[PDB]
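With the hints as constraints, model all of the structure from the sequences given.
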Amino acid sequence: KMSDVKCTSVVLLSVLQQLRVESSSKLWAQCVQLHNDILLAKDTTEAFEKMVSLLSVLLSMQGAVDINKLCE
Amino acid sequence: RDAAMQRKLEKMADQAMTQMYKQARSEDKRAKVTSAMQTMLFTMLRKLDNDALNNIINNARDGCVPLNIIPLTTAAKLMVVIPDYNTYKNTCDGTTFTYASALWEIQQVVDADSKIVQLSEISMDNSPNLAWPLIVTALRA
Amino acid sequence: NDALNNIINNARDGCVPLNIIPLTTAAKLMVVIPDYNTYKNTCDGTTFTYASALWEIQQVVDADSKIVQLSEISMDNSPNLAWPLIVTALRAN
Amino acid sequence: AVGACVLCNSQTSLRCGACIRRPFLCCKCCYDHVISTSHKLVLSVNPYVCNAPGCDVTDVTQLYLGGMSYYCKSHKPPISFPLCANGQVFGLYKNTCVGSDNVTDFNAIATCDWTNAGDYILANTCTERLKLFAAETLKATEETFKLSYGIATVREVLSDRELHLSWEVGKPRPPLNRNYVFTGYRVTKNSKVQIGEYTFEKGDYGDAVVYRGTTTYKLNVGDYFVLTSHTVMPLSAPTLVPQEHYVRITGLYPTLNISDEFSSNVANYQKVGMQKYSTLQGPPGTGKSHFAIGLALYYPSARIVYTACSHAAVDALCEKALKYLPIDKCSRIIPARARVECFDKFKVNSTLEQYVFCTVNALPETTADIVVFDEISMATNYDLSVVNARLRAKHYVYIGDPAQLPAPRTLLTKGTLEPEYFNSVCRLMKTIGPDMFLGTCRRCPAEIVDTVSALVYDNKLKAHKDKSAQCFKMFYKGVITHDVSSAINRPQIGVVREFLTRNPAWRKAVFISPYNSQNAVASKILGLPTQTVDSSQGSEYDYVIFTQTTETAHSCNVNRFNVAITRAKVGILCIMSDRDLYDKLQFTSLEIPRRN
Amino acid sequence: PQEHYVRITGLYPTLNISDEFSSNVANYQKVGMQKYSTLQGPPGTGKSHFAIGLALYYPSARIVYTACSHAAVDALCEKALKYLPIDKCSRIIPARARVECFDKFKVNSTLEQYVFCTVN
Amino acid sequence: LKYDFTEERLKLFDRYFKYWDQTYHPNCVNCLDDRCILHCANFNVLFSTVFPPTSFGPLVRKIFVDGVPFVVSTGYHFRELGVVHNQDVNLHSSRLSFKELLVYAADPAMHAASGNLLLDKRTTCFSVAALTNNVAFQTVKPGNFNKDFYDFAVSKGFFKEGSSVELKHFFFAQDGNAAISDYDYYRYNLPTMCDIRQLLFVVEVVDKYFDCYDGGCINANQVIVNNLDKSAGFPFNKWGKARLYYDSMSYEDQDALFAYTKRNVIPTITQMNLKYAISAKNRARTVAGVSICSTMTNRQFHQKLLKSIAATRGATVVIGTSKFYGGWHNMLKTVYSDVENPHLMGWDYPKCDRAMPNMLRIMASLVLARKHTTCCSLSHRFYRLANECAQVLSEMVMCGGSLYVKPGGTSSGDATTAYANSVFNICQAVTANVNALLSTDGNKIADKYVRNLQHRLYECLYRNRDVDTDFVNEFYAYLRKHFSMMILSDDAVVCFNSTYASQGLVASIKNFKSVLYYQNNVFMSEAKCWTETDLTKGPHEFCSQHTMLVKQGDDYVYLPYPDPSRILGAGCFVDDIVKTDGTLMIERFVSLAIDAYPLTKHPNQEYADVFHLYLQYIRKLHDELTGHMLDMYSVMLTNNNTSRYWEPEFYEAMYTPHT
RNA sequence: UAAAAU
RNA sequence: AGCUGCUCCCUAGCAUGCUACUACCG
RNA sequence: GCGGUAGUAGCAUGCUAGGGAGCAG
Ligand SMILES: [Zn+2]
Ligand SMILES: [Zn+2]
Ligand SMILES: [Zn+2]
Ligand SMILES: [Zn+2]
Ligand SMILES: [Zn+2]
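Top line first, the protein sequences correspond to chains C, D, B, E, F and A. Adding 1 to a residue's 1-based position in the first sequence gives its number in the authors' numbering. Adding 50 to a residue's 1-based position in the second sequence gives its number in the authors' numbering. Adding 99 to a residue's 1-based position in the third sequence gives its number in the authors' numbering. Take the fourth sequence: its position 348, counted from the start at 1, is 348 in the authors' numbering, and no numbers get skipped. Adding 241 to a residue's 1-based position in the fifth sequence gives its number in the authors' numbering. Adding 270 to a residue's 1-based position in the sixth sequence gives its number in the authors' numbering.
Don't take every hint at face value.
Stated by the list, open to error - Some chain A residues near chain B, calculated using beta-carbon distances under 7 Å:
hint, residue
1, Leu271
2, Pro328
3, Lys332
4, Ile333
5, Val335
6, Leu388
7, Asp390
8, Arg392
No lab work stands behind these hints: they were computed from the structure. The beta-carbon is built from N, C-alpha and C at its ideal position, and this holds for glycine as well.
See below:
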C-alpha cells in the first residue's frame, strides 16, 4: 500500500517537471523536497499528507485539462 | 549452393524486420509522453482511493482550485477560489471550510473586485451582484 | 588593460600569482548571497567595499534571473524571493 | 511511414500514389480504390515498381513480391507471391484491417474535376474525414490548374516602373490584380538567376502596365516574369468540434450593470456561454457584429479572438470594436503583405492582448476563451478546419448570412450552388435552424430594406432612417472596353461625369462596382475612394455610388446586388442596364439630363 | 559584375551643399544608378577631387579611399583634410610605415565615415 | 605580489626544529630521491599554513606571440612542493602548433585572468573568477516508472504488507543548489601533517606489497582507450568528444606532449557533473570530469602498470578478478590463506575522497611511480609528480559557471583513481598494525619472538635512519601470515588471527578508529564496521554482495548474491524508453536475471521468487513481442533462439567453473 | 472569370 | 558530461584451423 | 587405387573491428 503511493509520487513529480515547473526555483525546491521525503517515508499516513500537498501544485495551475482526463 | 542463398536471404529478412519494428515503436513511444504520463497518473490516483485526494480532485473539476500549496501546519493559510454559490453552500457552513478532508476557519472572503466582502452578505438572494470568483482565506484547525 | 601592465611591471621578476589578477585588475564583481542575513552584512546599501576597493551596485537578479530592486530586499519581504541573489557591482574610483 | 486509413481509420502504410494528395489507405480500401479507378500506383515503405533494370511496369494488380523486392511477372523469381490477391493488397497490418464501403464517394472525390455542381454538392455531404480530404484536394486542384496560365516577358522599356510586356500567345493570360504575382528571371546567355517578384497594374493606356518591384533591379530587355505557385498543407482538426451542453454557465462570469444598450441580447448572451458552440444568422446590417462586442463586454474578463476570411471585414469590425472597447485592443492582422493595407492600431507580435483581430490564413496558434468567427457565408470547410486547428478556446460563435455572398470557387462553370452547401456551418444553419435568430435593420434606409426584403428574403424587414435621394436612370452603357475578363465601361462613368460637381455637398460617397477593373477605372479618372462589393460585406457608409455593366450572369446575381445596396446609411443610387430590376426598384426614377 | 538600378539604392543625399563641386555632383548620383564603373582623372585634374566631392555629397555613410603605394596614401591624405571635417579617419599603419604615415588618430577603431588606407 | 617565501620557511625551521639533523629543502625540486621528497613535503605542509592563500597556484607571466601579448602560466607554487619553474618557456614566438594551442587552451590562466571577479558566500572554498555573466543552477530529474513490470510483480504476491523484500532504491531528484552544496563538502579536508619516521617505514612495506608487477612508459601507439565517446573536459567539450582529439593528433604530437610534461607543469581545469542513477540515499552524487590534456598523458605514464595489476590472480589487490565461473570462491579461498584462528572483519572510510589528506595522495603517486627506475630520469619523475599534483589534487574546479580552487583529496574521475585508493587502503592497514603492536606492554608478550620483533620495529622506526631490507621482509611476512587482506579501491576484507588480535599483536577495529582519527580527520563509528566469527559464511558484505555457501554438484562453493530490493528497483525505475516498453528491451532482463540467480539457493523464499519472477516476465515479454511482429507483417521469424533465456540452465552455467 | 498566405 | 573492472547480446571482416564433395597434375 | 594444388558447401575455434545493454568502486 505504501509502494503504491511511492510510485504514484514518482509519476506526479515527472508530470510536474514536464509542465515546465522547474522554471521557478521556489516551486521546484518545494516539490523536490516533498517527493524525496515521500520516498523515504516509513508509515503510510504521513505519505498521504505530503501527497496531497504535492498534488495541490498540479491542481493550482491550469495546464492539464482535468475535466477531460476525468472521463473515468 | 541454391539452398545456401535462401538461407542468407531468409536471414536478411529477419534482421530487417526485427529492426524496422523497434525503430517504429521506439519512436512512437517518445512522441506521446506528455499525454500518456497524465493518463497513467490519473489511473494510479483513482486506483489509490483516498478521500483526501478525491475531494480536492472533484472539487478541482468544478473550478474550485487552490491558489497555493495546501499547508500542513496547524496554523498556516490556505487561499482557495470559489466560482459559484452552489459551490459555496456545500463547503462553507458558517465560518468553517471543508477542504482536503479537514476543517479550516474562514477569515476573509474577497471577490474579484479585490475588495472585501462581508460573510453575512453572501446568500441566495443577493448573490447575483458580487463579482463571483472569490478567494476565501483560512487557517487549519 | 594598463592596470594589468601596471601590476606586472611591479613584479621583481615578471611573474605573479594567478589568484590575484582578477582581484586587482577586474572591472566587475558578482556576489552570490544565500539569505537575507548575509546580504545585510555584505553589500548593504548601494556601494560597498571589498578586496580593498569600492564597488557600486547595479542590476540585482535572482535564481530565476529576473530583476529585483533594492527596495524589495527588506526583511519581511525576504521570504518572497528566489533566495540566492546575484548582485553585480562595478569598480568605482 | 505509418498512418490511418482515410475511410475506416485502421493501421496502414499504403498510399494511392496516383491520387494527387497521396492519402493513406488500408489494404481492402486500397484494393477497392485501385480495382475500379485508373489509379493503379501504390506506395508502401518503398514504391511498388518492377525492380528489374529496364522494366517499368507499375500497375499493382500484376506485380509480384520476389526476394526483398517486387518483380514483374516476366522478371519473376522462382519463388514469389502476388501482391494484389484475394481482394486486398499487401501492406503492413494486413489481417487487422477494416473495410468501409465509402469507396463510391471516395472515388467520386478522387477522380472528379470540380467543374460541375455535383462535385461540391457531394464534397459537403460525406463524413468529416472525407470532408477534409475533399477540401484539401480541391484547393490543390485549383492552385495547380493556375499553372496552365500564360507567361509574360519584356517588350521594351519605357520608364522606371511603367513598361511594356509581352504575354505568350496561345494560352490564358492571368488576371491583373495585386495578388497575382510573378517572379522575374533574367536569362542572358548564361545568367538565369532570380531578380525579384512583381505585381502589375494596367495604368492609363495600352499596352503599358505600371508595376511594383520587390527590389530596384533595373529592368532590361531579356528577362521574363513567370507566375510563382503555392503549396497546400494538409489538415488535422475537424471543421467543428462536437457540441456539448451544460446546466450552468461554465468558464464565463457575467455582469449586471454595464451598458444596457445591448438590452435584448442578455438571455442570448447566456445561451452562448451555456453551450459549446453556437451560430447567429442575421439579415444584412442588423444586430450582428454589434452582438459580438456586446457579448464581449458583457463578459469583461473573457479572452476573445475575432476572425474573418476577408480583410476589409476584420478591419471594419476592429473599427466597430474601437468604437466601444478598452484599448487594450490589437489587430494582429498582417506584418507586411496583402498590399491593400489595413489598420493603424498596434502590434502583430504579442498575443496577450485580450482582443485579437486577424484573417484566417494568418492566425497565430493561441489559446482563447471565445472565438468569434465572422461571415461564415464566405468561408469554406478548409478555412473552418484551419481555425479549429490553430486555435482552441472554450466556446465558438459564428455569425453570418447564407443569403449574401459565397466563396468564388473559380473553376465551377455550370450549375448553381445553393447556400446549404457553401460549407459546413451554413449547412448547419439551414438544415435544422440557426440556433439563434435576430432580424430587423438598424443601418440603411427603411425604403431600401423594404426593397431588399421584398426580393431575396420573403418580406420580413423593418427599420427607421427614411429619405432621401435615390435614383435609377436606366443608363445605356457603351463600349465594353474589355482588356481583361473584368469589364470596363467609361461611357457609363459618363454619369459621375454627368454628376461630378452638380453634387456640391455629396463629396464623401463610396464607389462600388461588381467588376474590379471598371473600379480601377474609378481609380483611372478619379471621383472618390472606391471599393469592390467583396471588400464590402460587413462595411457601411453614408452615401453610395454604384455602376454595373451589361446583363452578364456576373452582375445580374441578386446576392451581389443585395450586398451592394444594403451597405449605406441614408443615400444610394443604382445605375443598371436593367430589364426588370428597375421594375424591382422601389425608388424615384431619373434621367441623364435630369439633374434637378 | 555590373548591375544597374532604377534609383539610388538607399543613398541619403545632401540638399545643395558643395555645389562648387557641381561639375562632380551631376555624376555623383550615377554612383547610385549602377553597381560600379571607372574614372580617368588626368594629372592635375579631378583626382580625389571627385572622391572627396562625393564624400561631401553623402555625409551620412561610411566611405573608403584606398591606394597601393604610400606616397599615394600621403597624396591621398593630401587634397583631403580641407574638404573633410576633422572628424577625420585615415588609418594606414599599425606597425609598418618604413617612412612616416598618417598624422591624426588611431588604427584600432575606425571612427568617422571617410577612411583612407592602402590595399596591401 | 609575493609568491616565494623561501627564507621564511628556513627561519621557521631554524626557530622550531633546530636540532633535527636531516637537510630540509624548502623546494623539493632539489630533493635526492622520493623519501627525501616525502620528508621535505611533510614540513612544507605545516609551514604553508602561515602564508596567505592567494599566493598558491599557477604563476602567470606575459609572453608575446606574433607581436601580441598572452598571459600564460609558467610554473606553479604548491603548498607541499614549494616553487616550481618551467624549463622551456620561450618569449617571442611566431605561430603556435597544435600542441601549443592545446596547452594554452587548457590552462586556467587566460580563462581566469579575463573573467569577472567573484565572491560566493555559499561556500567556504576560495573562489576565483566567474567565466560569464550569470550563474547556472543544474537540477536532477526523477526516474521513469515501468508500470507493466510493477503490475506483473504485484499480480504474483510481491510487495504485500509485512514482507521481507520491499522497495528501497529509487531515483532521487534534486533542485538548483545541488552541485555547489555538494562541492562544499571539501571543507572536510584539513592540512594534516603526518608522523614522518613512521610513514617512511609504512611506505616501504606498502611498496613491498606491489613487488610482482611491472611498469614503465609506453609510446603513443601502445595505449588502449575503451569508449572514445566520453567528454573531454573543459573547455574542450565545446568542440567534440575525446575522439576528435585522439584523431587530430598524430602519434608524434602525443609523444611531443608527453615528453614535454617531463620538463614543464600544465595546470588544468576539472568540471563537476551530477550523476543520474538509482540509489538508497538522497545525498546527491557528483563526479569530476578531468581535462583531456591530463588523461592523454597519465595514460602513457601509468597504463602499463595499471594493466599488469588487472591481469594478476592470487594477489592482494583484486582488481580485474571476475566473480563469475568460480571467481568469488577463488578470491575467498585465497584470502583465507592459512591463518590460524581466523576471524573476518571489514570496515569503512567515511567520506573517503574528500577527507583524504594530501601526504597520503603524494605517497600513492610515489609508490605507483617507483616502477620507472629505468625509463625515467630523476627530474623527470619529479615533474610528472608535479603535474599530477597540479592536475588532480589541487586544481581549479569549474563548478556551475565559475572557477574555485580545490583544497585536496582525490578527484574521482582521474586516470589512476581505483589504484591510488588501493595503495592508500593498504597504507592505513599497515599503520594500524604498527600502532597496535608498538602500543602494547612488552613486559607481558610471552612469545619471545614477537617481543624481539617489537624491539626491532621500534629501533627500525625511530633510531636506524636508512632502510633495513631484511627486517622489512620479515615484517611483511609476519603481516602476510597473521593478517591476510583482500583490497579493492577502498573496499577491504581481512582474515586475521583472533588469538593475536585479542592480545594486541595485530590490529583490531579500535586501532583503525584511532588511526583514522589522527591521520584522516574523521570518526569511524563501530556501526559501519562488521566482524564475523564463523567462516562458513564469508564476508558479511564486500562490493555490496553477500556470500552464501551452497552445494554445487559434489562440493561446496561460495556464491555472491545481491540485495533483492536493488534488483527490483532496477526493474521498476528507468530512463523513459529503456525498459518502459521492454518489448524492445529483453536483454535488460536477461542481465538482471543473471545478477539475481544465486537468490535461488537462499533459505528465505521471497528471495528465490525474485529470480523466478524475472524468468516468467521474460517469457511474457517474448510471447507478446512475437504477437505484435506477426500482425505487423504477416509471418513469424524463421529462427530465434530466444527460448534458452527462460530456463535456469543458461544461468547456472555462469557460476560454475569452466570458462 | 471573385478573396489572398513565416 | 568522469576514470576503471567484469559480464551478456547482435553484426562484420580476416586469417588460421577443420570437414565434406567437384576440377588439374603427380 | 593413392599423393599435390585449385574449388564450392558446411563446421568449429581464436582474434581484430563495430554496436546495444547490465553490475561493481
Ligand atoms: Zn487514386
Ligand atoms: Zn480502409
Ligand atoms: Zn517487369
Ligand atoms: Zn629534500
Ligand atoms: Zn617512465
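Structure-based check of all given hints:
no. : hint   : in the structure
1   : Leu271 : 5 Å, holds
2   : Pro328 : 4 Å, holds
3   : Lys332 : 6 Å, holds
4   : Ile333 : 10 Å, violated
5   : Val335 : 16 Å, violated
6   : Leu388 : 5 Å, holds
7   : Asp390 : 5 Å, holds
8   : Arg392 : 5 Å, holds
Hint compliance for this structure: hints 4 and 5 are not met, and every other hint is.
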